[PDB]
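There are 2 protein chains.
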Amino acid sequence: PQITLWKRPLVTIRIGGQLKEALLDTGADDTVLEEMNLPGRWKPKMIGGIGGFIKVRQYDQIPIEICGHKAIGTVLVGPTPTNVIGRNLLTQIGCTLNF
Amino acid sequence: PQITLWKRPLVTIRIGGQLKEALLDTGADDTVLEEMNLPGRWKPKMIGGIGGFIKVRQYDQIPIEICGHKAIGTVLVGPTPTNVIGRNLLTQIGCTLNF
Ligand SMILES: CC(C)(C)NC(=O)[C@@H]1CN(Cc2cccnc2)CCN1C[C@@H](O)C[C@@H](Cc1ccccc1)C(=O)N[C@H]1c2ccccc2C[C@H]1O
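Residue numbers (the working numbering), protein chains in the order written: chain A, 1 to 99; chain B, 1 to 99.
To be clear, the hints were calculated from the coordinates, so they are not data collected in a lab. You may find that some hints are simply not true.
No copy is singled out in the list; a pair is fine if it fits within one copy or between any two copies.
[What the hints assert, rightly or not] Capping the alpha-carbon separation at 27 Å, the derived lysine-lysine pairs in DSSO-like fashion look like this:
{"id": "1", "residue 1": "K70", "residue 2": "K43"}
{"id": "2", "residue 1": "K43", "residue 2": "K7"}
{"id": "3", "residue 1": "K7", "residue 2": "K45"}
{"id": "4", "residue 1": "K45", "residue 2": "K70"}
{"id": "5", "residue 1": "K7", "residue 2": "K70"}
{"id": "6", "residue 1": "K20", "residue 2": "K45"}
Construct all of the structure, not just a fragment, from the sequences and the given hints.
And the structure:
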């Protein structure tokens with residue numbers, strides 16, 4: 001579809017069998033989701049945003065559905081105020097920016 | 001133009017008669033640039049994101065050219081890791097997400 005930017009670009013995603021609302025963020029290199037208990041082994045990691053760095057848990061090969069579009073990749077889990085879908089996943093569902 | 005997301009969506013902006021590089025960021029509500037001098041009066045403000053809150057200077061009705069397209073709006077300047085063009089300006093140039 002086509003999403004305008006008058007409002008935050010929120011979409012419904014499905015991960016770990018759960019449905020959530022995430023922001024489509026062309027500015028995020030990675031995907032960061034709110035704290036949740038995903039199964040599997042993970043690696044500790046530090047990611048930086050506008051106000052500094054936060055510690056996150058990196059999970060690989062996680063299937064995720066973004067607004068009815070299948071994708072699979074790395075997802076970082078940490079104390080983030082909102083779920084962020086980054087370029088790593090946006091590229092998979094053929095998402096582009098137009099103007 | 002149509003921009004893919006395999007690489008960071010960077011563009012050249014012109015402001016104050018100066019050239020700079022910035023990121024098209026749909027996850028950012030506002031536009032924030034690295035510290036620099038902008039004519040006019042500014043008011044102290046604070047914005048937050050991943051990592052936390054930072055202190056910025058707010059300049060209103062600043063003219064800025066984004067990859068050839070003109071916009072006039074609020075520009076924030078402060079200790080940002082990178083220049084970010086937020087939704088306030090993306091909407092002015094008719095930017096949308098497509099997939
Ligand atoms: C991988 C990760 C997700 C951690 N990336 C980012 O946060 C990058 C960081 N870089 C920097 C970087 C840092 C370290 C290394 N390389 C690059 C600068 C740009 N952001 C992208 C931002 O789009 C993220 C959003 C997240 C958010 C949305 C709503 C509410 C809270 C948090 C963000 O920071 N948004 C805020 C925002 C941003 C700009 C202007 C105004 C506002 C307000 C607010 O919407």
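Right, here's what the structure says about each hint:
1. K70 with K43: within (24 Å within a copy, 44 Å between copies)
2. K43 with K7: Close across copies (24 Å), not inside one copy (34 Å); limit 27 Å.
3. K7 with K45: Classified as between: cross-chain Cα gap 21 Å, same-chain 31 Å, threshold 27 Å.
4. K45 with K70: Close inside one copy (25 Å), not across copies (39 Å); limit 27 Å.
5. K7 with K70: both (24 Å within a copy, 21 Å between copies)
6. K20 with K45: within (23 Å within a copy, 31 Å between copies)
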